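Given as structure tokens, the chain that follows is alone and in the form solved without its partner chain.
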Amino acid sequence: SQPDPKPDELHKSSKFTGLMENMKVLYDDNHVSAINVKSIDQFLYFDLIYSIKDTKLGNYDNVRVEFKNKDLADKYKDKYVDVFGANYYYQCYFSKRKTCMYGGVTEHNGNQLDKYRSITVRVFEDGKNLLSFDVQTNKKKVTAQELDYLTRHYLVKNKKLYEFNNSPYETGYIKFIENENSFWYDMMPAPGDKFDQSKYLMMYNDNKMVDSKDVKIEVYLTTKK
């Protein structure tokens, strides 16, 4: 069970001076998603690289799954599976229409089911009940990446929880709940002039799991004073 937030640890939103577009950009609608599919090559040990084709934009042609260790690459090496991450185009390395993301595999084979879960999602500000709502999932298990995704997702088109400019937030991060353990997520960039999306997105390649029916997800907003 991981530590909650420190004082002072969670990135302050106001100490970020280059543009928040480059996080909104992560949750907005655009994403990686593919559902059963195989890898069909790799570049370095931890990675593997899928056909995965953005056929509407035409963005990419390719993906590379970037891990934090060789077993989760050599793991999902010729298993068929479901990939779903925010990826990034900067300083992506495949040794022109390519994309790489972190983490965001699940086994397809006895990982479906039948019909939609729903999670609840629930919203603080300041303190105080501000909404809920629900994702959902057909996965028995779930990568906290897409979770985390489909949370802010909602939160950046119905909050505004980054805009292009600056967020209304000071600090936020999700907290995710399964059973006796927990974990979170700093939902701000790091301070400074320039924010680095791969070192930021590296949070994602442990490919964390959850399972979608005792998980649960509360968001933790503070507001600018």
The other form holds:
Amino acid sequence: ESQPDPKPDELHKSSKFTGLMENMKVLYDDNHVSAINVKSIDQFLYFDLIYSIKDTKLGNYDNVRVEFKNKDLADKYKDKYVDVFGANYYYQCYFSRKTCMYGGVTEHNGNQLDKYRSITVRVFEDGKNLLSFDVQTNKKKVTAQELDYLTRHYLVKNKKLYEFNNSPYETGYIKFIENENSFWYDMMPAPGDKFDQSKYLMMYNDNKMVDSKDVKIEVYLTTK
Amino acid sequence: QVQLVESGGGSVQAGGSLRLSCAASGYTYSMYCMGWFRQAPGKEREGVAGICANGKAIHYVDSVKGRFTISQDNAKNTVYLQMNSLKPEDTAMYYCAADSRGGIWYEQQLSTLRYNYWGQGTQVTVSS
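For the form deposited with its partner chain bound instead of the form solved without its partner chain, what are the coordinates?
Below, the chain from earlier opens the complete complex, with every other chain and molecule after it.
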């Protein structure tokens, strides 16, 4: 069923984050893993899979550790040919050339589209729709992560969603609607002067998927 | 392929000054981090100064605070190290390093881990 919408004072306030917002920003500013039709080559711990994926652009990784919520998810995708799409990290990437991410995995077979599919993001500032823009995927089932990355990546460029020290926006959540059912993620870091990249991205480790045909995306921001 | 070529190393005397320079080339994209490391014979390689995110994040090792200044010209794609009040302790091979990975890695920001690209270095000498 539907996840309920944010209650009063449920959302992280960016004014209560006193650290460097840079460390959030760099997760959505040109920082992503992407690969087509690959199969795991190894495994470190029981809830992860390792893929041979080369950073052709910047050469920052040859292997990617994809971390799941549980063993079942890893077992499921172990020997499957998959597509990978997600926001990765290096700082405190535990992997005994390398990088870490969570989820972002979909079966390749039976999930490709003849042509790219568009999903319109409706962006609200203090309730008002001032901006709309499409994200595209080639997948019938696509991870919320992939969509989330694409949305925030856009918004980091244009609207400066995140900056080195702090955001123009006090609160922000991204909402995914499929028919009646919906869910959302808080786009702002927990309060304090310590931002843990790995901890934040761990929300993607459920590998949550949506139908790219039915899903609508709404971004609700508030100003200062 | 990335290339870092350091220069400006020399043989000075206690209380002297040197300005290191590094010419970066071969990528055509924007580098996130650029830094200066040093290593003497015997001792492990140590990070000295760093400058990240269009100069928004500058860090120094304690032993060079107030004496060394890292700086950047984006127009030239050069990084500099103004080395004032030099001491025998500062004698070493100085290396420029670079990195395209983002973030300010608390306490690991001047470690060798933070950087993937490296020059061949320039010798610095300081005589009592």
